[PDB]
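Read off the chains here:
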Amino acid sequence: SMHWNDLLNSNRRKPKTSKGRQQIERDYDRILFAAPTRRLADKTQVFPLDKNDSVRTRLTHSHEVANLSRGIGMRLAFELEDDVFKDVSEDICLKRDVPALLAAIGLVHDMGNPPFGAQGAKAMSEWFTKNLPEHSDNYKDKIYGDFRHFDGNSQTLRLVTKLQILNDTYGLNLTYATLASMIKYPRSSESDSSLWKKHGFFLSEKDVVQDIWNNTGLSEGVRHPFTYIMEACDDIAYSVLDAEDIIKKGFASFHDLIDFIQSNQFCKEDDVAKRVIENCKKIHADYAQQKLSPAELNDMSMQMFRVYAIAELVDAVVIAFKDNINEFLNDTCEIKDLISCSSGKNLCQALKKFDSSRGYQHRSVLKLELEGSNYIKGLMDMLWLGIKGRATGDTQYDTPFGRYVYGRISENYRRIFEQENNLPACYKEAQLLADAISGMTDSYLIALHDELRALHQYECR
Amino acid sequence: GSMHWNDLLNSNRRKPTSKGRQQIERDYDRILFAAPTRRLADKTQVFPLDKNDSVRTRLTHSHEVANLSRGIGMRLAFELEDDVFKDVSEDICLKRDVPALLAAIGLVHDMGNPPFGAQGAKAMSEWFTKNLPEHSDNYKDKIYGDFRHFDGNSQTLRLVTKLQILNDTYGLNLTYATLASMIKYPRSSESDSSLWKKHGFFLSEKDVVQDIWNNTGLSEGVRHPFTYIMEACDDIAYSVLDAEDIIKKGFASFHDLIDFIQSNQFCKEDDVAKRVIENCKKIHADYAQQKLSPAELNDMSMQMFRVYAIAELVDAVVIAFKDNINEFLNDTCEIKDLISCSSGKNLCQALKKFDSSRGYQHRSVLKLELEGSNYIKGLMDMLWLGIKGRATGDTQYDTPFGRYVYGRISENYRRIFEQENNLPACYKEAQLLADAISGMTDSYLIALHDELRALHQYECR
Amino acid sequence: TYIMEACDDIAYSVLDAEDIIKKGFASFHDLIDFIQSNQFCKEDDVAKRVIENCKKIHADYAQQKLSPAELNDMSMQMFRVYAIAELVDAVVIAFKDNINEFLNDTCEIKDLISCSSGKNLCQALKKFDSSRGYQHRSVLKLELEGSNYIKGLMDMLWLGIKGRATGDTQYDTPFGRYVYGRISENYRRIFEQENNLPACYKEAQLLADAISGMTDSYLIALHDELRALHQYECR
Ligand SMILES: Nc1nc2c(ncn2[C@H]2C[C@H](O)[C@@H](COP(=O)(O)OP(=O)(O)OP(=O)(O)O)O2)c(=O)[nH]1
Ligand SMILES: Nc1nc2c(ncn2[C@H]2C[C@H](O)[C@@H](COP(=O)(O)OP(=O)(O)OP(=O)(O)O)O2)c(=O)[nH]1
Ligand SMILES: Cc1cn([C@H]2C[C@H](O)[C@@H](COP(=O)(O)OP(=O)(O)OP(=O)(O)O)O2)c(=O)[nH]c1=O
Ligand SMILES: Cc1cn([C@H]2C[C@H](O)[C@@H](COP(=O)(O)OP(=O)(O)OP(=O)(O)O)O2)c(=O)[nH]c1=O
Ligand SMILES: Cc1cn([C@H]2C[C@H](O)[C@@H](COP(=O)(O)OP(=O)(O)OP(=O)(O)O)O2)c(=O)[nH]c1=O
Ligand SMILES: [Mg+2]
Ligand SMILES: [Mg+2]
Ligand SMILES: [Mg+2]
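Going down the list, the protein sequences come from chains H, S and P. Residue numbering for the first sequence follows my numbering, beginning at 8 and increasing consecutively. Residue numbering for the second sequence follows my numbering, beginning at 4 and increasing consecutively. Residue numbering for the third sequence follows my numbering, beginning at 485 and increasing consecutively.
To be clear, the hints were calculated from the coordinates, so they are not data collected in a lab. Heads up, a few of these hints could be off.
To be verified - Some chain H residues judged to face chain P by a derived CB distance under 8 Å, without partners named: (1) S260; (2) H262; (3) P301; (4) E303; (5) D306; (6) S363; (7) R365.
Unchecked claim - No farther apart than 16 Å at their CA atoms in a straight line, the calculated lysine to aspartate or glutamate pairs in the EDC-like style are these: (8) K22(S) <-> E86(H); (9) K133(S) <-> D384(S); (10) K298(H) <-> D171(S); (11) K102(H) <-> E82(S); (12) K635(P) <-> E462(S); (13) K298(H) <-> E421(S).
Quick reminder that beta carbons are idealized off the backbone N, C-alpha and C, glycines included.
Could you put together the complete structure from these sequences and hints?
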């Protein structure tokens, strides 16, 4: 029974330019002009430290997700407006707010992801599992599960709300609609839930999220309706474009993907998959007549595969959203994802399985991921020498290497760490380390690791 | 004989899905999903091969320009519609077409820029000056001036029209409005126009551009009105953002920029410059109270200077466009640029001068540009061994190194090179070399140069 | 010799495709699609039988929990068996049918494969190897490197070989004498034999015999060592 008036709340958290621009539009400008958005250009999606420049990075993936979300917003505002946007106040300009909101929401997702992709985050978690023992009295509290089960969504929210500090504790000061629709999992690490398997915000954001809920009609475990659209766009985008990158790299062929989709027990009779396969086969028959090398033929065929699969999946997602709009607006929505409720469920699942089999588990990818895990763990080990004990009071950081390595951390991150709040000291220093590591690009991480290892030779005997 | 918005917003395509998406909107998707768009992430804007991940690259520059153009289009369509768009048929929806058209035009504006920035292009030109001598009868014709004065816009047009070939001769098959608006300088190298100092297309596109004009009501010399918007957005988004990058790199300080603007002869009494300086000083006074390092203070002061300057310049550009819309719609418009006819001319010119003084002409920048020039010239010398004589008939390319080098060139560019047309053979060879080199990223160019130099050790004797 | 040529063609056409699949340059389904989409193998009975048997075995193989690389490897392991058996049987049948023509004093048969029922499958496999195995980035780069190595080594050896038989004493430089001493003694012994061959022909034959007999690693090592030893005379 949620109302679109509060779901599209244009107010901002900071207590009270902008010439001919809605506040939601200004949120997109704030997100785009932020340093983490630019740093996304050197964060891995699937293949780390890739030499090929046509393979998706985190920034290109984010922009493509934003474009897909903006297209869905265009299809929802200029069309089907009377079907999903019922009982909306006249002051709200849907045609300008909804597409901008979806585009900004898609762009801002994966902003806080750690370097080296998902396997990077695991590495961080593993470090936080060893250096923050659960049996230890200091870290026995379950709030430290924010670090032992580290994920990029909570870091994205922290970055957009606290880390991007200029002179206030409100970060980028995004609108309530963007902050509400940015939370992919409305639950904390301490809270237990079966609907969501991942925490969506840190303990430090627990009040902030509450504020957002109080200003949007949401609550714990209830997602903003546009969060489902953003998640569906994210899934579609990475599932298709990772397959494109795999085939372009040469790890697989276009016929390999076609045979995988055809032989999948779920896509064998799926109408969307059948239509996509038929169109791709029809275009590939025409393409094969040209005098092309096999690699060029594969890339040409999979560009049309991109077009057809993206169009079909986006249409299915829009239809599913329009059909289940009442369910999404319910105060007790239980939908896991928009893709599962659409007809493109089987095709997306098959694409994800193909990306896992021929992608993530490739030999070069695995070796690069092990190297990145070693780099990340070494960097966190060296940073902990300068971070640990700074907030509790123990002066183990007073060594020259500790002081220098504390000086190498982000200044705004240290300002947030040096703030006076109710967070426990160990949580504060662990959060500082998590922010520092997750804010780094791959190349910056390698360079800093090498430099600090060179500078650590004396204190490491 | 003023042009009409019906012809200027022509959504037809050159070639003789689409579920709820306008054609101009689909042009943005075609541009964004194109490989060169994401290859722009590794092409220099000002600082070549910069280790700082926050310094703007060509992709971030293009995205910022696209966002600014989309904002201006939103202002033009949603707000200033009755005074800017007149006698517009109901078939074209301005609210969806104009913002999308401007966003696509801004995103595509620097797709074909050569590696290592403008200086890199200069390097290419220098090589084409030596290896295609004017006194030689083979290259005596003025058409080869397309290569002696190589520019990124000419390469971008042929990239979006011919180089992105799958099975057509129409490239990405963009709409006529998108193709017309992307032509920054509507003149060829052979043509002698005093209005435009640079050619905007090669001889190979001489027919194609003509077609665009025939379908848009334009002509040689006259420029699409939205191209002025794109040029103004590009100028603003590089003038401000390059200054921000200069401050971030440590080459200058916030007070340095403030003093440069205040001491500027034209910005001394400029109202826009005075307003920007006053607002920045007011914010910086509050910012200086907090315990901050000088670098962080400069960074977060420039973070507000960027917001204020971008807002003021965008508003001034929109006002200038609205005031002079009749002149821009004239068949014989003579306006050089939108910035110069606006109230933000002085501030933008001063920012460009500041970037020239502090950003370029810097020791590290100059050294890196010389290294990039050497790299580009060596790579082009190596590729000319495998390219020269391929079309004329001279079998000097038949050495094993020449065959391998030809095989290392992009298959799309080779496919376009081997097409049957009326272009001169020497022109085709030089165009193949220019297309191969201009599309490379910096890292790819360095890697290919090193690998081919290692492989050339025998034939170089 | 026709039997040998047919066996050579079969044993490289099938085994090079297997090597292509093993290296990861292509997949088993890629080869199956290439054979099925081939113009001549579209209706070839031997190709149809091989494809059907391979598909039947691969359907059973795909049930087990396997990585894609292992599935491709063990599917091509059965494709090799089926294709080799069919091609060998076809070659034997063709030889038996045309034995009288092969025993003719003026036989004109180009090859045993082309006159057999396995011509289309072998030709398609050769085309697949050309498309995917050769003309590959790594293969082309390695071949260019090998060409440079071979040409440099032959240039270095020509300094010690040229003029040895004609009479021109341009080989008498210390590098030339050492290079000649580094050539195989069997090939030098054949080169120094007295016969009616032209002196230039003998010198070129000595160089060709010396170079063609080298392995790849030996060629690289000798090229590097002689290039290091040639730094003075190369000035
Ligand atoms: N190299 C490598 N890449 C992976 C792996 N797993 C996933 N990826 C890729 C696929 C995606 O583009 C991205 C993972 O997607 P996300 O982490 O953003 O999913 P998230 O849990 O945030 O929410 P979602 O599943 O989209 O609902 O990295 C892996 O195990 N190894
Ligand atoms: N390192 C370096 N960067 C330069 C130089 N000249 C310009 N840049 C920067 C400024 C711009 O962001 C960009 C050049 O853009 P352009 O002005 O050349 O674009 P275009 O001529 O096509 O149109 P426009 O002049 O902007 O109206 O690189 C230079 O000489 N050295
Ligand atoms: C300067 C820089 C920082 N980083 C990482 C390191 C930190 O984890 C994170 C923040 O460090 P910062 O040095 O504070 O980055 P910034 O000041 O340029 O921009 P902002 O503070 O608004 O984010 O950015 C990189 O990955 N590459 C770089 O070049
Ligand atoms: C693959 C690749 C190409 N390039 C350059 C080199 C060429 O000049 C240009 C085209 O070479 P291609 O390799 O043909 O690029 P692509 O086919 O993958 O994508 P598209 O043709 O749609 O652009 O791209 C890079 O800079 N880095 C790379 O990784
Ligand atoms: C010894 C040796 C020779 N070769 C090449 C170099 C010569 O071209 C060719 C003959 O050189 P030889 O050294 O004379 O070979 P061999 O005498 O041991 O055996 P045989 O004469 O019966 O063949 O063999 C290698 O490739 N690797 C080696 O280790
Ligand atoms: Mg994502
Ligand atoms: Mg530009
Ligand atoms: Mg053989």
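Checklist entry - Does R365(H) meet its interface restraint, that is, does its C-beta lie within less than 8 Å of any C-beta in chain P? => result 6 Å, holds
Checklist entry - Are the Cα atoms of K133(S) and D384(S) separated by 16 Å or less? => result 11 Å, holds
Checklist entry - Regarding the pair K102(H) and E82(S), is the alpha-carbon distance no greater than 16 Å? => result This hinted pair holds, its Cα atoms lying about 13 Å apart.
Next on the checklist: So if I understand the rule, the pair passes when the alpha-carbon distance is 16 Å or less; does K298(H) with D171(S) pass?
Outcome noted: Given that 16 Å is the threshold and the Cα spacing comes to 13 Å, the pair holds.
Item to check | Pair hint outcome, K22(S) versus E86(H) [Cα-Cα no greater than 16 Å] | outcome: 11 Å, holds
Item to check | Evaluation of the interface hint that places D306(H) against chain P, nearest CB under 8 Å | outcome: The hint is violated - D306(H) has no Cβ within 8 Å of chain P, the shortest such distance being about 14 Å.
Checklist entry - Would the hint on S260(H) stand, with a C-beta cut-off of 8 Å toward chain P? => result Holds, because the Cβ-Cβ distance from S260(H) to chain P comes to roughly 5 Å (cut-off 8 Å).
Next on the checklist: Checking one constraint from the list: CA of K635(P) to CA of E462(S), max 16 Å. Satisfied?
Outcome noted: 10 Å, holds
Checklist entry - Hint check: is the beta carbon of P301(H) less than 8 Å from a beta carbon of chain P? => result Result: holds, 6 Å to nearest chain P Cβ.
Item to check | Status of the hint placing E303(H) at chain P (closest C-beta pair under 8 Å) | outcome: This interface hint is violated because 12 Å lies over the 8 Å limit.
Next on the checklist: Using the nearest Cβ pair, does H262(H) come within less than 8 Å of chain P?
Outcome noted: 5 Å, holds
Next on the checklist: Next pair to validate is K298(H) with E421(S); report whether the Cα-Cα distance is within 16 Å.
Outcome noted: 11 Å, holds
The structure fails hints 4, 5, 6 (numbered hints given earlier, in ascending order).
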